[PDB]
Amino acid sequence: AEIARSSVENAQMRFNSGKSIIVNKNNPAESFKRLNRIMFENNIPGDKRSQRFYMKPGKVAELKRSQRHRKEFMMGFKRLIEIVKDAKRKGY
Amino acid sequence: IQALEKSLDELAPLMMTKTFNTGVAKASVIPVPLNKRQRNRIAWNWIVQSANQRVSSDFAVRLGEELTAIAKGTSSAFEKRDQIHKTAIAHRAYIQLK
Amino acid sequence: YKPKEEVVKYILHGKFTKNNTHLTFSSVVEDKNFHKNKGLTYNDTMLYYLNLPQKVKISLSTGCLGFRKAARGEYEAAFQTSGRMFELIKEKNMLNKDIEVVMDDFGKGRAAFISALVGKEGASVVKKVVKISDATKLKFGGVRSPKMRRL
Amino acid sequence: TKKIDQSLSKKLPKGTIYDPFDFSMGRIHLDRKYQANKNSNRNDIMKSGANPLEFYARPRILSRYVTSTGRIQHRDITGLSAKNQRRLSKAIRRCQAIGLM
Amino acid sequence: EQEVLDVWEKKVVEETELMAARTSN
Amino acid sequence: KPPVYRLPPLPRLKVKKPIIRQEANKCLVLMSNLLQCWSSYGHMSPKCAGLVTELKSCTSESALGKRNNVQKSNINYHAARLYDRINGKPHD
Ligand SMILES: [Mg+2]
Ligand SMILES: [Mg+2]
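Chains as they are written, first to last, in the authors' numbering: chain T, 86 to 177; chain G, 150 to 247; chain K, 67 to 217; chain R, 38 to 138; chain U, 213 to 237; chain Z, 4 to 95.
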């Protein structure tokens, strides 16, 4: 009945996937840029490419170890650059 | 002399779009600013081309007549300026600004 | 009590693979007398309005515009196929209701379709587009992919 | 123009002390660089001492630590301890299996 | 404060003009 | 508590491609505004008079105006100068 007619709006958007954007009728190219940001913050393009071919578990583990090391190495590099900049500012 | 400088300042285009062979892909048509010496060259060549369509055997007479018509408002080179400025307004987004 | 099929919105689906681009335009049809049927529960009514039937109107690929073999998966093939779709939507009087765009994968035609819809080619369709979404299908484990190619 | 973007002007709170440097662009840039979600702890249930596994039937709280698609956030982003991250991830996975998240 | 607020005026104006042009794109 | 990441001893501390800010030319932005002014109010419209006058002065002698068209980063000079002091290496 109408009870099943007036409660479909929330119901429709209650089962959201999180990969949708409400287009800005003024700047429609800014909504496509927002959608792209979601894809990259959920690694959707990377996951899709990584699922095209099978990789042996040993190789998967090696790549995961190396990637983590590079991430941590970059964080250690940036920490040292900040110290350099601070030291330079104070005249060291 | 004041008439000549006024005519050169009104006929010369402020900017002109130039094709830059940037990248293996198609070149980019980016508007570029023009200095006063470059502006005068563009306007003078238009005046000379217009002058050489007149009947006098003497270039001085043809040039004099052309300069008088431009000082009085009538010139066919104002169309050229409007067409150079239209192209630049179209390619305003292609500018780099850094 | 009487079939009252009406269009509620249109779905513009684009599948952008490595070798081709498929663009489908569909209509979300709603029989506006479904609730007037007998022996209909609140659940069946809500379940019918949560997944409304869809009917395909326009189906295009890059080979329908004359692009053959390796050219089908290139940027230019997708841009022209996107234009032909945006034109066929206006030539069929299907630009009255709101359109929802669904993009599927990340091939070279994904960025061509977006450029053709935010540009002159899609200045009529873009005005009706209300929601953009991504429908890329990922697997949580799932079936084994083919072995890596040694090239 | 009588208008400036908010990103180019600093609003000094009321009751606070200021230096002439607080009106410069350096202050604007310095505030962006050192802008961290440090106030989360006081608003972060999982950084308070509660056991995250007690929230397995409360999807609303758990939904604060997943992305828009439901992907559990890395510890680098949540800032939780190893134990709480371990417990929180278990809670979310259990919540997903029950049919609530 | 005036010395600082004068340099800040220039930069604000400059950066409120690069934005306007860059956004025009 | 924020995890500090400490690098191993390194042969160098260097940024591969130091990010240098490059300010925009005042003549190019003046041209970008005038071009927009003509796009709205029309070409040669009396509303863009000031823009035309300013552009002419900016470009009178050099089409891109006189500018400090040079800027280099010194991070690598300081990074190499201070690395041995700040790396926290144990004594020999
Ligand atoms: Mg191919
Ligand atoms: Mg096989």
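Hints in this document: simulated from the structure, not taken from any laboratory. For each residue, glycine too, the CB sits at the ideal point set by N, CA and C. Mixed in with the good hints there might be a few duds.
Only pairs whose alpha carbons sit at most 25 Å apart, straight line, appear in this in silico SDA-like list of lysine to any residue [said to hold, decoys possible]: (1) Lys247(G) - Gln74(Z); (2) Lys98(K) - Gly132(K); (3) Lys50(Z) - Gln232(G); (4) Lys70(K) - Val93(T); (5) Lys205(K) - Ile109(R); (6) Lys47(R) - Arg234(U); (7) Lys118(T) - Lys70(K); (8) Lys193(K) - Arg119(T); (9) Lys167(G) - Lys69(Z); (10) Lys69(Z) - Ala232(U); (11) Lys40(R) - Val7(Z); (12) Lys175(G) - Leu131(K); (13) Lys81(K) - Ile129(T); (14) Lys118(T) - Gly132(K); (15) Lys193(K) - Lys163(T); (16) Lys149(T) - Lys69(Z); (17) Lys175(G) - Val74(K); (18) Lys110(T) - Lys70(K); (19) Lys163(T) - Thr53(R); (20) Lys186(K) - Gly132(K); (21) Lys247(G) - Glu229(U); (22) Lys75(K) - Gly132(K).
Covered stretches of chain T, as calculated for chain Z (at least 3 residues, CB under 8 Å) [unchecked claim]: (23) 126-138; (24) 147-160.
Not the full set, but computed from the structure, chain T residues with beta-carbon under 7 Å of chain K [claimed, not checked]: (25) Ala89; (26) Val93; (27) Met98; (28) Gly103; (29) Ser105; (30) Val108; (31) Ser116; (32) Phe117; (33) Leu120; (34) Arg122; (35) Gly143.
Exercise. How about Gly103(T): closest beta carbon in chain K under 7 Å, or not?
Worked result: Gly103(T) check fails; min Cβ-Cβ to chain K is 10 Å, beyond 7 Å.
For this session: For the pair we were handed, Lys50(Z) and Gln232(G), check the Cα-Cα distance against 25 Å.
Result: Holds - the C-alpha atoms of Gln232(G) and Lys50(Z) are around 20 Å apart, at most 25 Å.
For this session: Assess, step by step, whether the Cα of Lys205(K) is no farther than 25 Å from the Cα of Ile109(R), and give holds or violated.
Result: Distance of about 16 Å is within 25 Å: holds.
Exercise. Taken at face value, is the distance from the CA of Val74(K) to the CA of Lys175(G) at most 25 Å?
Worked result: 44 Å, violated
Exercise. CA of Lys98(K) to CA of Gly132(K), is that 25 Å or under?
Worked result: 41 Å, violated
Exercise. Is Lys175(G) close enough to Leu131(K), meaning Cα to Cα at most 25 Å?
Worked result: 24 Å, holds
Problem set entry | Per-residue hint verdict: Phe117(T), partner chain K, C-beta under 7 Å | 5 Å, holds
Exercise. Is the shortest C-beta separation between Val108(T) and chain K less than 7 Å?
Worked result: With Cβ-Cβ at 6 Å, under 7 Å, it holds.
For this session: Compare the distance between the alpha carbons of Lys70(K) and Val93(T) with 25 Å, and conclude whether the hinted pair is satisfied.
Result: 19 Å, holds
Exercise. Given the proposed pairing of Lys118(T) with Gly132(K), does the C-alpha separation stay at or below 25 Å?
Worked result: Distance ~31 Å between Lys118(T) and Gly132(K) Cα, so the pair is violated.
Exercise. Can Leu120(T) be said to touch chain K, with a Cβ gap under 7 Å?
Worked result: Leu120(T) check passes; min Cβ-Cβ to chain K is 6 Å, inside 7 Å.
Exercise. Straight-line Cα separation of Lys186(K) and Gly132(K) no greater than 25 Å?
Worked result: 22 Å, holds
Checked against the numbered hints above, the structure breaks hints 2, 7, 11, 14, 15, 16, 17, 18, 19, 22, 23, 27, 28, 34, 35 and satisfies the rest.
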